[PDB]
Amino acid sequence: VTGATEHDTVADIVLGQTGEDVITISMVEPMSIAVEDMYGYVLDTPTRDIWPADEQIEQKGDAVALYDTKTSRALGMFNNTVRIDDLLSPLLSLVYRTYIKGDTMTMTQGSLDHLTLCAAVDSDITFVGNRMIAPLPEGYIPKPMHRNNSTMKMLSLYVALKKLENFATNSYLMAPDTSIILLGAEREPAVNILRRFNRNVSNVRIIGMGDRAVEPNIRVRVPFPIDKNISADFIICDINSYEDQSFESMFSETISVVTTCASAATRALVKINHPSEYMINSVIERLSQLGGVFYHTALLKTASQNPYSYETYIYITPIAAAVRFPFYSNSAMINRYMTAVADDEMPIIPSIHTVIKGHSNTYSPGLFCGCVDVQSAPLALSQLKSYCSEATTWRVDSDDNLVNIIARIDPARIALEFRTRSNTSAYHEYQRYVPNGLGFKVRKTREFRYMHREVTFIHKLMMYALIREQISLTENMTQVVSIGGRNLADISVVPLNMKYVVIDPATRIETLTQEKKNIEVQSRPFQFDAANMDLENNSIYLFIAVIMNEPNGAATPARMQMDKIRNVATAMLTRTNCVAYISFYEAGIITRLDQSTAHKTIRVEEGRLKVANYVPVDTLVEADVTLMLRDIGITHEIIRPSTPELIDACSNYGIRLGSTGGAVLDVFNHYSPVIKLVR
Amino acid sequence: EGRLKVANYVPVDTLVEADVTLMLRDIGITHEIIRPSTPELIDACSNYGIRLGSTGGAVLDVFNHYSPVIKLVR
Ligand SMILES: C[S@@+](CC[C@H](N)C(=O)[O-])C[C@H]1O[C@@H](n2cnc3c(N)ncnc32)[C@H](O)[C@@H]1O
Ligand SMILES: C[S@@+](CC[C@H](N)C(=O)[O-])C[C@H]1O[C@@H](n2cnc3c(N)ncnc32)[C@H](O)[C@@H]1O
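Quick mapping for you: the protein sequence lines, in order, are chains A and B.
Residue numbering for the first sequence is 379 to 1057, as defined by the authors' numbering.
Residue numbering for the second sequence is 984 to 1057, as defined by the authors' numbering.
Bear in mind the hints are in silico, worked out from the structure with no lab data behind them.
Keep in mind that a hint or two might mislead.
What the hints assert, rightly or not - So the derived label-pair ranges between C-beta atoms look like this: (1) B:989 <-> A:672: 40 to 46 Å; (2) B:1007 <-> A:1056: 24 to 30 Å; (3) B:1017 <-> A:544: 55 to 61 Å; (4) B:984 <-> A:948: 34 to 40 Å; (5) A:905 <-> B:1041: 43 to 49 Å; (6) A:948 <-> B:1007: 16 to 22 Å.
For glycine and all other residues, C-beta sits at the position ideal for the given N, C-alpha and C.
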């Protein structure tokens, strides 16, 4: 951000247009994941006892209101931009091309690698012996399996149904059961894949049934004709409403679908196109009328689904004893649909900027793409630090005088910059690069409008957006003390006008570069002793991922975290205008993760939530914290990031959700809530 | 096994005073914890012609302080 060179009224820099044979820009970045991580799912479970009449009418009002006023236009734009078949096609292509060359050996009969191979190729695969693939006969080239967008999702759903009944299974075979896929299935590839996958089994009957089915599937309409009997062990239903109807018609259609599926098999997975609290709870109520049988239901969402899809799957199975808590309220997987309210502004399309300006804030999020003369490269690189924290500079040939530059606009860098009027940079360091210090790369460069970030980065961005909205809503405030802030991570929320203070025992000290940007750093620890707590009358205090750990790198028990919360709450009393924000993992996420298999980085170890290679930390119970803050006597509030925060993060930052990250993001956000302690 | 066996009853478990008091502060009712004292011991031993024993004298001080009464009033 800062340097030893002082700029003033510097002339702007124009980047010339680069040919399409040197720099090419794509829309959505493909994502690379291990083959075993395509088949995941995350559980969500009901947490309510009764469905009273006032709740019924309010939920109906909240649901019908979001039908005519369709889902947010920005979410619709991202959902159809980031598909799933394209988001993982290179992996399947790699598998198929490896298979054809004769490089596929030593995989288990029913492993997920075998299932992926059955989805990647068309021909039948035989085992010359257990745990080895027979080489294909000479002269045989099998065409790659042409599957649609919703095929890998069906494979993951089949895996989930084959995994719920036995959580310790390592193979997925159905001897000698049967299954049917309730789906229109114009040209169903999943039936072919599953038939090719269970061939060694003695006899399993699997087939699709739907409205527009072709051979070998059967063309029927749901509910089934009265003069026919259908019966199977598994149901994987996903029925869509292509035509436009009212709320009542889709209600009746989905009620009939759920009843028929639940009466057709011992286990069923049914897709809900419009998952609302009222709709899901009405489905739950109708489940009880099915002959007085007790049904156990839990919301599900696979890891091979469209990351931005608000559609969630329901799971239905009979249970010996009726579940005490059958109803859902403010669940993780419904709040992606509730909070997807139509926008008050048009979606912002990322753009390419070709002109570099000196301290000019007229830049929308996007990329800096262009080429400049080698002599102006240090100057342009010194002037674009005010917007971007990274830049990839390279040259084509040593006989070429122009230098190609790519850089992404970073809102955190904008927030840290522009806090003052001073313009300093290490322009003296960059002139050491001319002319051969800027790299060479003959090959074409491929950069994406929406790059990839891990799940925790997405969550932090959404929570920062939420806190920034909250802080901007208030008024008459002097500073924002970031207790947990390390390396100025929380600066994305503080307004440029007001101060910002960091109290972290481990942070770099450089007094001049912190004076030049109006920040103050205190490398002393934050003592949670209400007698010595240094809370200004008019300030905002941020506690982000700091309560849950120790500054030396250790984890803290739940009672210590509760004591810290109590200390900050009590010491925050006897103040005029004080606001504090605290975040903590909740105890409801342990129940969901220990039943699921989509855990990639957010994992559970011995009851402590192992998140992103950090030490395993225990969770807190919402009821206990709420009771403690009720007894203390301060105005508390549990707030969680929602869909608009996700959209704003993924739009300002040119980053999009991953295939595996989409399933876990619903649950993760609901169980890392934020406390708003105000006066 | 962590329970109180009194008068050959079925052993029963014990409540924490902090939890009980904390519960009544949220509910919103006036509450108090009352305990019998030495004058109550004298009155029981005078109005009824009874006296303490040897094994009962030592244990009764502990028995009083941990069998309290909650006086909820409006
Ligand atoms: C998602 S589309 C099918 C897309 C593709 N075949 C696939 O594998 O997902 C859902 C299908 O369900 C069928 N469908 C719609 N309403 C139905 C109903 N009421 N009863 C039975 N099938 C229905 C439609 O024909 C439609 O093709
Ligand atoms: C998990 S990081 C959180 C980073 C940042 N707060 C954020 O937005 O996520 C927590 C950091 O806070 C620091 N820290 C731990 N205890 C602290 C305390 N009691 N007071 C101030 N800082 C602390 C630690 O050095 C640790 O690196």
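> Taking the beta carbons of residue 989 of chain B and residue 672 of chain A, is their distance inside 40 to 46 Å?
Replying inline: Distance hint for residue 989 of chain B, residue 672 of chain A holds at roughly 41 Å.
> Quick one: are residue 1007 of chain B and residue 1056 of chain A within 24 to 30 Å, going by C-beta?
Replying inline: holds (27 Å)
>> If I claimed the Cβ atoms of residue 948 of chain A and residue 1007 of chain B lie 16 to 22 Å apart, would that claim hold in this structure?
In response: holds (21 Å)
>> If I claimed the Cβ atoms of residue 984 of chain B and residue 948 of chain A lie 34 to 40 Å apart, would that claim hold in this structure?
In response: holds (38 Å)
> Are residue 1017 of chain B and residue 544 of chain A spaced within 55 to 61 Å by their CB atoms?
Replying inline: holds (58 Å)
> How does the Cβ-Cβ distance of residue 905 of chain A and residue 1041 of chain B compare with 43 to 49 Å: does it lie in that range?
Replying inline: Because 46 Å falls inside the window, the suggested range holds.
The structure is consistent with each of the numbered hints, conforming to all of them.
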